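Participant: Here are the chains, one letter per residue:
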Amino acid sequence: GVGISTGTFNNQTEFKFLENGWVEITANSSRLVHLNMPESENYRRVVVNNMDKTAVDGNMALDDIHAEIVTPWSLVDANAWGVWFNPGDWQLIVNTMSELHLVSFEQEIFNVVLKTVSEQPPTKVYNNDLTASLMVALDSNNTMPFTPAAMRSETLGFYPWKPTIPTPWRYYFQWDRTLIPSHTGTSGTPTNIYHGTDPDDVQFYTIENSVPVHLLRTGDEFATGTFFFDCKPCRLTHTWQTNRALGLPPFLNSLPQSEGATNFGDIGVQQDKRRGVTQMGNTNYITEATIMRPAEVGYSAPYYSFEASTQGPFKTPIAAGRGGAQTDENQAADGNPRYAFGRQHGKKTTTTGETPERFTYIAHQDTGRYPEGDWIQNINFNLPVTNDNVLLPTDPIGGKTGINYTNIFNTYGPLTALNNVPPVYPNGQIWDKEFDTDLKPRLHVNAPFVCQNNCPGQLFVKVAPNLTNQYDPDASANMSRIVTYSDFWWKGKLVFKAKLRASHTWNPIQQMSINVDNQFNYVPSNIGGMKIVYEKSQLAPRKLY
Amino acid sequence: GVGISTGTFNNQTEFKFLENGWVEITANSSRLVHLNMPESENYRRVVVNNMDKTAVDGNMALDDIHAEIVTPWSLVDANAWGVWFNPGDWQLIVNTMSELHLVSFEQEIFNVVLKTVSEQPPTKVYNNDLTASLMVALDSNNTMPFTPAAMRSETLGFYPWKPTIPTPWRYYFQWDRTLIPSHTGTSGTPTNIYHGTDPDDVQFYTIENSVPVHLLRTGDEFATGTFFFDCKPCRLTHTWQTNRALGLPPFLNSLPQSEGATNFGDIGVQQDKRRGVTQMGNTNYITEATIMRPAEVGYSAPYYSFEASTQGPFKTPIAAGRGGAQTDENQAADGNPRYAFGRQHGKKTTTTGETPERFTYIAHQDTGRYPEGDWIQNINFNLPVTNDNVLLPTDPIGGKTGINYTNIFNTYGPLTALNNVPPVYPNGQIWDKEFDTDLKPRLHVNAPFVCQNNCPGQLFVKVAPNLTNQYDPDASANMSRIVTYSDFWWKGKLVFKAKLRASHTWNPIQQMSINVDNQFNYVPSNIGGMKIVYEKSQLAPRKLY
Amino acid sequence: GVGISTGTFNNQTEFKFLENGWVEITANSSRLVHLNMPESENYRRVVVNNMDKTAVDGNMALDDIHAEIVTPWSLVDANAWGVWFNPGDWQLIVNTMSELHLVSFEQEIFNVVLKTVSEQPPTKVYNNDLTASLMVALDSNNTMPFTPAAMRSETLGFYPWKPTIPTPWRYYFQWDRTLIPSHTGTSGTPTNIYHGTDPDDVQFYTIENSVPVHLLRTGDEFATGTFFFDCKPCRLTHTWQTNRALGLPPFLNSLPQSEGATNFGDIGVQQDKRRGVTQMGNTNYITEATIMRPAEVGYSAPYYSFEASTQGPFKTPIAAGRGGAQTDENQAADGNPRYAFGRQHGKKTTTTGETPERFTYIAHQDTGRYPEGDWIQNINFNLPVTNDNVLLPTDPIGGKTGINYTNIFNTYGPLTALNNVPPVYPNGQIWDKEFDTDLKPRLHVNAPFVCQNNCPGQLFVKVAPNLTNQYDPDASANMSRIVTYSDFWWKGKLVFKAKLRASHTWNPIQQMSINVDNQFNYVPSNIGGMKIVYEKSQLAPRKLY
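From first to last, the protein sequence lines are chains A, B and C. Counted the way the UniProt record's numbering counts, the first sequence spans residues 180 to 298, 302 to 727. Counted the way the UniProt record's numbering counts, the second sequence spans residues 180 to 298, 302 to 727. Counted the way the UniProt record's numbering counts, the third sequence spans residues 180 to 298, 302 to 727.
Check the hints yourself; a few may be wrong.
If several chains are the same, the list does not tell them apart, and a pair holds so long as it fits within one copy or across any two.
[Claimed, not checked] Here are the simulated DSSO-like pairs of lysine-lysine, each with C-alpha atoms no more than 30 Å apart in a straight line: (1) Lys-530 to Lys-725; (2) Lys-622 to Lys-718; (3) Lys-622 to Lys-679; (4) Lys-675 to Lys-725; (5) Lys-344 to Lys-679; (6) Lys-681 to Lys-622.
No lab work stands behind these hints: they were computed from the structure.
Based on the sequences and whatever the hints tell you, model everything.
Facilitator: The structure is reproduced here in structure tokens:
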């Protein structure tokens, strides 16, 4: 098996037709994976503490205290759009499909190779250790803690012609921690402590102990079977209507007689003599702002809110962001996800420096809130409103000049309508495991697809220990082993089922196209540099009501 | 039938195996029930008013005003763990099972006996009234108002060898009531009124009028059929991860080199140069507190909040409590249920006094909040935070020194993940009827099992009126009847379906055991006193993500 | 076969259900074994003599004189709990099972690798000798002397992720030796001699001559078949009753009237007027100490007794140890086994030094003796006993101040009841071969399972001699061969059949759990250190009578 290839390199994406209106998108992605011998063949329980940062009053948000089990295993994560589609393909999908269904996923590891490194210059020499093995483990039952790499931009690379690497697997380990908020001028020293561990929550997982491990020599290969998802379809359309645009508009008794941006129409009926339905039993004022609407599209939630439980503070997450003529991406706010990433996932290949590349994804769906426009009135509703009868986003709460009621506000309720997060190409995660809590979240913010019952298992890799002639188990010093490393090929097949979009309006729709401006974001440089710019996914309208 | 037993006394709990991995827990429980002749053979509409208490400004919370129909019937309630399992059995279940399914329930009343009491000493004489009857009614269709006795510690006893009694059945009757909040120094007299009844809400139920009644003489017996539940499985595991422990931990670029509690690991990357995903479109700060998480485990809700509707104030309920190194059960707070009970349900049998025994159950699941750690920042997020740009749990709301924003705060939303309440042995209720509202609660706080469509019917008991030779219906004075009372045996069969737990981690888990400390809580005293100490139910971890 | 893996790495432990109440525990354990080229390709008859130690009068116990055949073969021993179960699994077994049956055992050697070592620095170079072989021999017929490695803490390692090694095989060779006891002040020189060998007892075994040997090259693998045990079930329960707690207790004529540790009950009958049965035909005294009991639980045996035969002195072994409020593990005594071991079997991985880690296992079963409480009276039994009529553990024997009759005493007899040794996790041996003497021991002290007819054969390993171009058989100097060594994977499958325990008492039982104290004995350190703490196996009661 030594001199024989054990697989095929395929990175094509096929489109096939089904039933009237549907297509089967088959995305193939293979890559050359380079894996190094682990730092230590041991599992470590490491604690990370950065009090020197949170010690400075008013820096609570920069807290990093946490414990983690550092395993000698690596994780092969492909859960990220960038792994399966190139710009062009994404364009096609996004411009011509209306919805996407996640169907099946399957992996394969082949053409395994294990090399060895030998030694005033000092000249290095590399040879093949034909008999050495590469350890592979597929956690089919999801015994291990779920750790999507996309969250830290550590998935496989996004370029078929650029070798990549798996990530050092590690997972959270329970720990108690207390940190009290403080501002620049707080007196004294706020309680800031790392208490330790609740034995009742201790969970030390081991791959060796709960997953069968395969040893692969050059001639061997490993293939997972095909896994079938089930999860909800993801939509490639965005809604735009807000409560103000739901239902039958008021009948205009007076229409314009000549063109012009000043020639408006008029309802033509005294505001308190209008017919209709409102949810305000006080007034007879039927206005576009008081008129009753079926339910409420979107919701208001506390912004830049940090809650805390047994392990420290964390940002209260939001379902949707905000768009419109009030954003312009520099007045960005809460809700809009911001992705930071490296050369392997989109940063210009030839750029230097530790500084990453980033972007704040601003979805096309208008389902957010503009706090500055919120306000609260007294029930009496004596409509020239008095200062004492309103609470404006301008009036200070708790005597703080920079905090107003909207920062505290929450309007989530029985009438809340809402949309799932849109796909973020190419840095976004594709699917995600559901929480194993009795009551589940109505959606996740990290990925559009959430496998309910079971998700595909995590694939773990590790170079088998290549010992020297001097090995002593009974010794305390770290074992010395031949510097070994491995390179193997990985191939995946992710299958979707999509529906072709139809033209409902008279006017054309928003489509992704190449301009005179973006043109160079889709072609290599004269040095061979590349980059993959983020792309929106729900261009085009969907009537919401 | 007079001299013949009509049933069997069985209080054993059997475990049987099924399908690979499952067991059928069959809990048998029988008891000797002592029932007295009702105070009055009539139904009464009684009002309870304690304004003299709420009159003292700042005592609103002590309000007891309410109306209730007092029936001449008694209720035989067995809905409480203490009725079906003794400590040992509970131990076994809790230590070796991972989940519990409620399967079926059936009752039986047998060996009925009716005795009579006769009369300077004065010496009493007791005889058997062979022809007297015991009235039994099984509300199969749940026509009657659901009134779980566990809520007021009035279920059957918890000791197989200790006779018990049913409880005087009574149910709520509609009434309007207004009570305005006030503090120690409020001026004037706050509106405090009991308005009366909305005829449109009047519902006077009668057992005689809607349930068939069986008369039982000594020789007779009564058995309900077997009822089959359907409800959700209850879990015997607790989650511990919080948002801070979800997903792939940050990759540490620098690991410790020697043991020690001071030798921490380090991420090794400037906080604003890190790669990853946050939901904060402003900063480039990717911190363990700002990093994006799938959804939000747990939620924040207003604490020691009392809302009011047409019948008075009531405490706003919470789903989960709080644990950790910040509790210690004397800093206890909102969320943790507190059970108060008598000698028949766990209080030391030989203790004297009207004072009950109690405990505040503190679940093992870490899904609560530590308000003191919460805080809110201005969107600009200029991370040495200014006092004017944060709202701390320390800053006063409404000029009140003891009220901060967290008391008002609510973070329940689309991303909220959550767990059902854990079983509370032995005082906790087992199953509960679901509200007949169009939209139902995602769970109940009183019991882990909530029968959706139909629940087992309530069992009502009553001693038939044993008249004297002088009875006048046309008379106004209360009828005089022979002092009669009855003793009968009750037997129940509650069936569960449980799954054996498996060992996933390398480390052992939390198990319930007998110590040198608790040792005497499971054995009788030299006088024969007993007690049943509460026990946690979800020991052991469950990975949440 | 060169570039092809020949096996699978599996270290999972599965639990499967059978018949009502039973489970099939399947423990899989694989490991990477590192084996070196033997010191000498020859068999040596070596004598060990340490008279310089025993020469010091009163040091007899430190005798080490013995002869042994040193073979060029290594032994792969897996007979030790630590090899098959991790703490968690052990917990599960011990907490939920009542008895354990040893069912089958099977091994396999795969992914064999043979490496070679080459040479002012001096820089070493390692290459693969593809054509070199690894010799394997499975003594199926148990021709070779049985040598369980657990006895000297030389089994395979206890960590799936830590490479291990086999042990240099060697066995006892007959020799005569005489050593006379002596104390610190003995005059003269006590006979201390090593006589030699009785040709009539000479047994020089050779693997080559009585076991077929397989040669394995990289591509080859070797698998033993499945071996089926038969031996007795081992119990996971401990008895606690002693003769004093057997049968019907005396009837108390006077019971306590109020709680208190001073309020005792009273038999209420003059000790010599009581009814019952005693085995003392003299007195009419029927006391809890003289009352007749069915037989005798436990036995008394001479302590720190050393007997001697043809090869020297040896400690007289005891069946059971001692527990209670008189131990506290520092007043430990005869009977309790003490295990000493290294880093590979439980000692903290990162600890330095030649000093081993140890513990003295103190079984939960109360079946031992407290000599200080023993005593002997004259048959006349004139119950204010005279000094001349009793022999106390205080009275000196042979004029020695530190020796009393109990040191000589032995109460083993026809009425002796007794229990088998409990499992010692993780350092204890699992099964053991039975002595081939016409009359066998009622149990062994080293392991709970003793295969009667036939045991699994010992697995021997050895690196085939890799000669250089200069080899001369006819030469006297030790042959020079290429420095070769091998690494191979070992996999085993040990199958048990266990029974789930049931809850018989009202009170809960003793269960193994993780505390705030032991918590860190089940998790790796920040350096990656580990340790495996010993654990008791028979927690929980078993009624003995």
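Participant: Which hints from the list above does the structure break, by number from lowest to highest?
Facilitator: Result: no hint breaks.
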